[PDB]
Amino acid sequence: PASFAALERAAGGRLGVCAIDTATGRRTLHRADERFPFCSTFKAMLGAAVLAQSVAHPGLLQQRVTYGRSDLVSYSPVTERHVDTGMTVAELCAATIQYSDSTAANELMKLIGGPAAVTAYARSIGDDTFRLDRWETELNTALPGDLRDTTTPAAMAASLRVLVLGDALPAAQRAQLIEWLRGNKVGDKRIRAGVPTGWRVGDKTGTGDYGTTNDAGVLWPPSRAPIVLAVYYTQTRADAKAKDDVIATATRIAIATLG
Amino acid sequence: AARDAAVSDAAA
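Taken in sequence, the protein lines are chains Z and H.
For the record, in the first sequence the residue sitting at position 220 is 219 according to my numbering, with numbers rising by one throughout.
My numbering runs 57 ahead of the 1-based position in the second sequence.
Pulled out of the complex, with its shape left as it was, chain Z reads as follows:
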């Protein structure tokens, strides 16, 4: 597959892509205004919301959050190791962004006002599409036709552009968000598998039922302006398996089309 149409045909299901070449503003799109269940990709928006709170409350990132074992929800590989020690707010942000740790996101949402606070933060950065309705791990049900916990590829690309490359955050907080995204450890087979050698990547993956396979981030070529890329993918059967290679190929197609 070398077009989004061919990729969606080969893979089955529904593929959504928005990639923006920031040198020109040109976009390559597929189903870019359709809603998709964002799954863990929202953790980029959550990390930004926490960073914004750290501007109004200096020192917030260094505050130690403690929690009991009974706070832990499914898929918490980092937080389950730190009941004794606690984790700083910054460590929770890194854990939920780089590993998709579920409890880390819930602890951060408890600190800032719940799912509604993440949605309100999205509105504050110009995103009138994103909606976070549920806590981890319910928000990954990915039901067809369900508006809960959805965004569009175009909206998430626009939000990542202003957060990572624009000035939605001050420079120091922006640099911290970039480093969290750069250190993603669970996206090797997705966007990162589709970029040329020497390109730097920061991204956030997500996975859910209906074989939902997502990844959104920013790509830095060595000699060109960055590309913002949001890929969402979901399938017909509730039991479908995630398809990492669909994301890798969509990334290659997006880059080839913009090049």
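Hint data in this document are derived by calculation from the structure and do not stem from the laboratory.
Beta carbons: idealized from backbone N, C-alpha and C, even for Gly.
Please note that the accuracy of each hint is not assured.
With a cut-off of at most 25 Å between alpha-carbon atoms, the simulated SDA-like pairs for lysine to any residue come out as follows [claimed, not checked]:
(1) Z:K109 - H:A68
(2) Z:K109 - H:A58
(3) Z:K109 - H:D61
(4) Z:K188 - Z:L28
(5) Z:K109 - H:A69
Okay, the calculated beta carbon distance ranges per label pair [as the list claims (entries may be wrong)]:
(6) H:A63 - Z:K109: 24 to 30 Å
(7) H:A62 - Z:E178: 31 to 37 Å
(8) Z:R223 - H:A58: 31 to 37 Å
(9) H:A63 - Z:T196: 41 to 47 Å
(10) H:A68 - Z:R63: 23 to 29 Å
(11) H:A63 - Z:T84: 43 to 49 Å
(12) H:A69 - Z:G182: 20 to 26 Å
(13) H:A58 - Z:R63: 43 to 49 Å
(14) H:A62 - Z:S69: 35 to 41 Å
(15) H:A69 - Z:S222: 43 to 49 Å
(16) Z:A55 - H:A68: 26 to 32 Å
Go by the hints and put chain H onto chain Z.
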């Protein structure tokens, strides 16, 4: 449009 923003904000 104003309806698009309203849908994003509406209860399910």
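Against the structure, the hints come out as follows:
Pair hint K109 (chain Z) plus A68 (chain H) holds up; C-alpha atoms about 21 Å apart against a cutoff of 25 Å. The straight-line distance between the Cα atoms of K109 (chain Z) and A58 (chain H) is roughly 32 Å, outside the 25 Å bound, and the hint therefore fails. Note on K109 (chain Z) and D61 (chain H): the hinted pairing is violated, with a Cα-Cα distance of about 28 Å set against a maximum of 25 Å. With a CA separation close to 21 Å, the supplied pair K188 (chain Z) and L28 (chain Z) stays within the 25 Å bound.
The suggested pairing of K109 (chain Z) with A69 (chain H) holds, with an alpha-carbon distance near 22 Å, which does not exceed 25 Å. Between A63 (chain H) and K109 (chain Z), the C-beta spacing of about 28 Å keeps the proposed range 24 to 30 Å intact. Under the hint 31 to 37 Å, the C-beta atoms of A62 (chain H) and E178 (chain Z), about 32 Å apart, fit the expected range. The hint said 31 to 37 Å for the Cβ distance between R223 (chain Z) and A58 (chain H), and at roughly 35 Å that hint holds.
Roughly 46 Å separates the CB atoms of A63 (chain H) and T196 (chain Z), a value that falls within the hinted 41 to 47 Å. Evaluation of the 23 to 29 Å hint for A68 (chain H) and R63 (chain Z) yields a failure: the beta carbon distance comes to about 36 Å. The supplied range of 43 to 49 Å is met by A63 (chain H) and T84 (chain Z), whose beta-carbon atoms lie about 45 Å from each other. Checked against the given bound of 20 to 26 Å, the beta carbons of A69 (chain H) and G182 (chain Z), roughly 34 Å apart, lie outside it.
For the pair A58 (chain H) and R63 (chain Z), the beta carbons lie near 45 Å from each other, so the given range of 43 to 49 Å is met. Separation of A62 (chain H) from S69 (chain Z) is about 38 Å and conforms to the stated range, judged on CB atoms against 35 to 41 Å. At roughly 46 Å, the beta carbons of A69 (chain H) and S222 (chain Z) sit within the given window of 43 to 49 Å. Hint check: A55 (chain Z) to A68 (chain H), Cβ distance near 28 Å, so the stated range 26 to 32 Å holds.
Checked against the numbered hints above, the structure violates hints 2, 3, 10, 12; every other hint is satisfied.
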